[PDB]
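It is the complex with one fewer protein chain than it really has, and the rest are unchanged in position.
Per-chain numbering from 1; labels A, B and C assigned in written order.
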Amino acid sequence: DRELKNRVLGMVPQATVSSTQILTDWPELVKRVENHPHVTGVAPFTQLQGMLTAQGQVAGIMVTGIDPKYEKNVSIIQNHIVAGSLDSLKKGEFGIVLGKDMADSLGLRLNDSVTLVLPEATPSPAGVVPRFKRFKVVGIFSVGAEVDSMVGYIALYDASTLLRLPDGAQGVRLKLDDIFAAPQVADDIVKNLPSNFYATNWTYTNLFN
Amino acid sequence: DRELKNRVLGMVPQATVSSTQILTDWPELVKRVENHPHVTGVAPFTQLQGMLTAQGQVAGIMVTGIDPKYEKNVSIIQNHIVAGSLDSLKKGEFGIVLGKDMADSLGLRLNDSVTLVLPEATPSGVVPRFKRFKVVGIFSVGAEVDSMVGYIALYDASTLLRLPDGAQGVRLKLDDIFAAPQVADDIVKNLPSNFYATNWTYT
Amino acid sequence: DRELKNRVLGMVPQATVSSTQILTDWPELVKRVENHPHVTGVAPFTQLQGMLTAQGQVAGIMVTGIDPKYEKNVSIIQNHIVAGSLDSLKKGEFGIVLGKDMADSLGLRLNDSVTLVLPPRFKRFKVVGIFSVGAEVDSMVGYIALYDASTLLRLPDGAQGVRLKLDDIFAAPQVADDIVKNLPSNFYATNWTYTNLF
Partner (left out) sequence: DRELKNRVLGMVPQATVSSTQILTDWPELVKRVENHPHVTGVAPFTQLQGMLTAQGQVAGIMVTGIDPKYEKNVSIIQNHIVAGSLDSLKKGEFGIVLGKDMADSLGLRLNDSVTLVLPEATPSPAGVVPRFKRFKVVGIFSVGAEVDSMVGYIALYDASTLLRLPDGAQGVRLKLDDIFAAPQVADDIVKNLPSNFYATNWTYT
């Protein structure tokens, strides 16, 4: 199945060069990384974990802040948009692009409201102070059973604004000519970066303790 | 301020004897622990962390499953009920008792619906489990507890955890809070390895 | 480099059928899954995370309890043994097989003592094997006997789940989900496409 490989491989972050500090200079990291050997695509990202809620329903979700103009270089989500468009993800508009199954679970259609809730630790007995922000559905995708029910996309700078941070990115995502070269490439790139940077790759994965 | 002291000290779990395995036999643990020297009150508990949501609002909360017939021996919450009653917390009714500030923040009044959300860790990251509850009581003690803590039926707590009827542990009230470390450690010393002690001096 | 692929791909768990309850019946789970379409290898596993310490050095480690007779059906670690043997991983002996870089970081050689630290709980092991695969895994993972893993957890002899090797890694999400669909609620699927929160 040639399409299955592109569906699975298109959704896996092959490698990232990430930072513990928000990168307002992320486009210089893109230019610095794009010409590294084996790199065929680069895009900024910020990875958030939270819940969506609407009309009494709650669903877990992993939200990635993206720039759609770059995201085409690493993703296939733009090829599987069933309603709306990724290009509606703009700073300050607080649109969100959801998977078809996720949107169905919450009774959501295009242009419907949905609340994004992010947990935030606190030493108080409550344990969490949730930060919640209202979003509008501007896109719906349909890729695969797993991804359709767990992941959503928002504007890159709405992701940082939700974090009370300046406009920037957590890191850049890499697409490669050989996914099995992802460990070496990310390790090599990080070697010449300052200590705030670190590498991830798709081989990083379920503890019983 | 003697009133301030009782409100603050009345809400502190002075010591617990807790278990990593659900205790379906907890009433015998209560009578056995209640007779220990310096112990003046014992009550079962199961402590949950989650969020409440209603009408688009969400708040973090620490929920304790309790048995009201026992809970008055260790707590002062029964002395500060402003509406409803702790005695409405019975198994299977899925009532909840909230602080006045928390209820107002969610626009909740007595007998209103509110959804409790508990996060479950997912390898894929949270598959939240949510359940509708009914506000059956409202208390008013202090600014912190009124906005952070709630109470449900002991066996509703274990049912939310998909467990048999039981308790996570028992809370102890003592004649002298500075005796809390010794008493809890003494009790746990002769219990099997699933038991452990906590006390208020470890934060 | 076809060898680079074999080193990288050989070390990733492509799919698992795991359980929130230790599986004392894991060989029955193996027989049920090994003939599933696309499945070319099955082995039990139990995954623990902790630290190793020896002579004042400390390293984080991901520990997998394994049965070497099965593990060769899913792994390539047996092809890169530099010292000792995976066959020394037997119940109750508390051997451990380490990567070369981690062993160096702790100043460990064959038959040396090393202490495992789990959330602190301590248990001493004996180095019975050393492997050399690739830079990352050589410094991060170790293997112990399956039932020593469950013993550390104060559990009866069993496995956390079974690891699958497939003819097509891109079938892993579908294959693992299909297997788990008719299993009771304690079972759940994982696959390599599960991957860094800000």
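Heads up, the rule we're going with is that a residue touches a chain if its C-beta (ideal position, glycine included) is under 8 Å from a C-beta of that chain, and two chains touch if they have at least 3 such contacts.
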Answer for the absent chain's shown contacts is A, B, C
Filtering C:37, C:60 or C:107 for touch with the omitted chain leaves C:60
Which residue of C:76, C:81 or C:140 touches the chain not shown here:
C:140
Of C:73, C:78, C:115 or C:132, which sits in contact with the chain we cannot see?
C:115
Across the whole complex, the chain not displayed is touched by chain C residues 49-51, 53, 55-56, 58-62, 115, 117, 120, 122, 136, 139-141, 196
Touching the missing chain, which residues of chain B?
1, 4-5, 8-9, 11-13, 142-144, 178, 181, 198, 200-203
Interface with the unshown chain - residue positions in chain A
122-125, 164, 195, 198, 200, 204-205
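Convention: only the chains that are shown with their structure count from here on.
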Provide the C-alpha centroid distance between chain A and chain C, rounded to the nearest whole angstrom.
29
On chain A, where are the residues touching two or more other chains?
49, 146, 206
